[PDB]
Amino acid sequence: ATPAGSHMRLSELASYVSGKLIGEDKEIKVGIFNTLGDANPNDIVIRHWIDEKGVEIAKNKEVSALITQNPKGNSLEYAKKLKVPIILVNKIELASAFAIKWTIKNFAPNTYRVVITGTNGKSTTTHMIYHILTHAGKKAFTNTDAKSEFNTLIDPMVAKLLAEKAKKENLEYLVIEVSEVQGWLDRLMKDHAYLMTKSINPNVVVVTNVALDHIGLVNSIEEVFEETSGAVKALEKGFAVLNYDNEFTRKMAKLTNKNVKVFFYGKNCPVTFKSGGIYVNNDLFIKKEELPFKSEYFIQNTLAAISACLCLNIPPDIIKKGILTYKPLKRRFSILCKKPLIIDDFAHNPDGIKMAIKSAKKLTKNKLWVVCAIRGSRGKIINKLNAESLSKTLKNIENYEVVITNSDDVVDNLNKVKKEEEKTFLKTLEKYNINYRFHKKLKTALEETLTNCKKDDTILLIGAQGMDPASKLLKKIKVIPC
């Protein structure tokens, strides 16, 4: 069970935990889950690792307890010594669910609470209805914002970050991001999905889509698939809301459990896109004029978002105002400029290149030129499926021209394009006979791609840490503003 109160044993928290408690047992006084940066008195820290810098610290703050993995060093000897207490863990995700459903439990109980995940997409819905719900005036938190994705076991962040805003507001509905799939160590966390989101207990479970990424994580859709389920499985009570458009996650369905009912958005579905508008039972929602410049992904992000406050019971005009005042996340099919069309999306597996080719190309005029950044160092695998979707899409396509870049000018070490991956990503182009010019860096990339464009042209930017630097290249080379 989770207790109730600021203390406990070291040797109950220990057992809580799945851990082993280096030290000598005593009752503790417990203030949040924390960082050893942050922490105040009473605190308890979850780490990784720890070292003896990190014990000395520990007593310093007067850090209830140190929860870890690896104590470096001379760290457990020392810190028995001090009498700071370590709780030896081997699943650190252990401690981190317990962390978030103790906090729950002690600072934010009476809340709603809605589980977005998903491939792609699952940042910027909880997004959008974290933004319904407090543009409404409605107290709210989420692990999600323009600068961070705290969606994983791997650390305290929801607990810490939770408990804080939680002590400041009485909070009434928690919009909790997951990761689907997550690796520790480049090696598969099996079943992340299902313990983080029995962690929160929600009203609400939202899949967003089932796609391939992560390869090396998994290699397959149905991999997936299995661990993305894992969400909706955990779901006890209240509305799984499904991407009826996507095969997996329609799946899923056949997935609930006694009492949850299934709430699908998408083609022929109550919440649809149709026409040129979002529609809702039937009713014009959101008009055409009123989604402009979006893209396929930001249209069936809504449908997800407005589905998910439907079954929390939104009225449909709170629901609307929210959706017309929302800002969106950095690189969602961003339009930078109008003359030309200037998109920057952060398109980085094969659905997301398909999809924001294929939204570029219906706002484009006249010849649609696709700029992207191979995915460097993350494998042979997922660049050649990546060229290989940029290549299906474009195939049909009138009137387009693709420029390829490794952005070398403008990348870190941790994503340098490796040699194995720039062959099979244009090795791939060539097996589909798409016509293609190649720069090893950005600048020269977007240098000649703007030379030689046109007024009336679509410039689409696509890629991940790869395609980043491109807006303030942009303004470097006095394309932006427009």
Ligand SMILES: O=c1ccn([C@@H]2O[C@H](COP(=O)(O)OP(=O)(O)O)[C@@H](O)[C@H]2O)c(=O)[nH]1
The other form holds:
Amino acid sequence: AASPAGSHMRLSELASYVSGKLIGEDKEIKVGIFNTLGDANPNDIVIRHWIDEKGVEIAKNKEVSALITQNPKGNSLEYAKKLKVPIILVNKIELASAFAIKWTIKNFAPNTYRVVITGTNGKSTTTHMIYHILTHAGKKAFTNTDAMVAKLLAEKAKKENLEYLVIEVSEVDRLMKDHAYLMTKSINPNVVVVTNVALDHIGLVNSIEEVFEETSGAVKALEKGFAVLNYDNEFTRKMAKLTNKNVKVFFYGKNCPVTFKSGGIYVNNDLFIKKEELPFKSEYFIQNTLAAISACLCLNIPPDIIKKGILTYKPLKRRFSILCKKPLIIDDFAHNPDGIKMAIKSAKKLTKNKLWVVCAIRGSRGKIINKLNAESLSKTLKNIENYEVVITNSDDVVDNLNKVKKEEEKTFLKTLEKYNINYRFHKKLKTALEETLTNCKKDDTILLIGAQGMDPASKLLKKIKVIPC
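Given the form solved without uridine-5'-diphosphate above, I would also like to look at the protein as it appears in the form deposited with uridine-5'-diphosphate bound.
No partner chains or extra molecules come along with it, only the chain itself.
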């Protein structure tokens, strides 16, 4: 694959590399990195879906070497012609981003080992785990997840001699069927991890089959190496049929070489992580741990190093976080049907007595995700004894971008009563939490689930002096 090297480029060649048309005079340009308009340094190239006259002016003032865009708005084209700002007009802007990744890897981090992580849920945790295992061992690594890939990669590569790229690839506004394929092709990873496919907002706007097909593109992009696939998720299990000839399928999950059983994690039927080292863990946590171990075995990381990384991993925020032990308070950002199912089942597995499930409606996200989330909560609790559901709008703690609308609250509560689910409702999160805390027993379990509506829970629970217990 022909990717240019060096800090100089011909504008018409750049245009060809990104499948675009140069608007302006061809010339050789000095190139910095691919950046955003807001951070662009002189000679940087900016890829931006939309541009307007003010953007063109900013690009001129920042001495951007070239602007690549799909939608020049207003008179920006003629304005850029006036200001002599080179514009490359593309029909499919993701081709430019893919070129930027490939070029950035080649020019700033060519000798790296690379892993791509995709899936509906668990992407960020799994990426974070893999990244932590490597950096805990002293390896220099880049990841695009926080606790434009080309931009972030260049910035870190300019600061250290990277050995590993650990890149999370997401599903998308319009679901593009080749998004994961093209991004994975541009990274050329040794290992692709797929955590799961599940119903989320993109699947609802499109379909779960189109999300599965888009996700599987990351596996189809592999011509060598390892596809690390969650056996316990039917969609990712199916992608084993989609691997190319020389790609090794590496299943993790039940009856797989990396597996969780008898409370512990086993590798090739040898005990690897004892149950003593996995207290108060969720289903997703275990599955993500199996994925991260599998990825690192496929990178030939010595097992003692994997294990040290696993034992020192610090989870991301609101990943089944234990806020209190008596009562057991669990804070989880579960926000789509599969996440809510796993959170409740994992909470029930740890529940001595009564299970309290406090759930914040996903305000300003539509009726359908809320109906299905309420559906998942209902079906999951139907096979569970000794529970109580507290639904909240969190009107007291959410901003206007996350406010629960009238139709969203109705469909959520309508679904609950449709399934004979006994529930209490409260507009305020403070009231939902207080009523739960004043009515629960010391040996109960309180599971808090939700997105932005539940983010303020732990800070609120501190104001009412229930944590630290």
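In this text, rigid core is short for the largest set of C-alphas that superpose within 1.5 Å between two forms. Positions refer to the first chain, counted from 1.
When both forms sit on the same rigid core, the CA shifts between the two forms reach 2 angstroms or more only at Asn90 out of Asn268, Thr325, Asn282, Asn90. Superposition on the rigid core between the two forms places the CA atom of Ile57 2 Å or more away from its counterpart.
The rigid-core alignment places the CA of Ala39 2 Å or more apart between the two forms.
In the core-superposed comparison between the two forms, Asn120 has its Cα shifted by less than 2 Å.
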